[PDB]
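2 protein chains.
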Amino acid sequence: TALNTXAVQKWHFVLXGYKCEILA
Amino acid sequence: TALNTXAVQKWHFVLXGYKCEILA
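Sequence order for the protein chains is B and A. Position one of the first sequence corresponds to residue 12 (the deposited numbering), numbered consecutively onward. Position one of the second sequence corresponds to residue 12 (the deposited numbering), numbered consecutively onward.
If you are wondering where the hints come from, they were derived from the structure by calculation, not from laboratory data.
In this list, chains with the same sequence are indistinguishable; a pair is considered to hold if it fits within one copy or across any two.
Straight-line C-alpha distance at most 20 Å; calculated SDA-like pairs for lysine to any residue:
no., residue 1, residue 2
1, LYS30, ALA18
2, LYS30, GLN20
3, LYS21, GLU32
4, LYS21, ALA35
5, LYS30, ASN15
6, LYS30, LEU14
7, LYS30, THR12
8, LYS21, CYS31
9, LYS30, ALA13
Based on the sequences and whatever the hints tell you, model everything.
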């Protein structure tokens, strides 16, 4: 699940095996 | 502190505003 509150991004991408998360 | 090479490792890369890390 992705949460888009304000002008910030709090989503987590975990698929295949590699984990990529951007909190900017 | 390196990419999964033979034994058990993990590549660490962080540049700009993105934090992505691989795990083997």
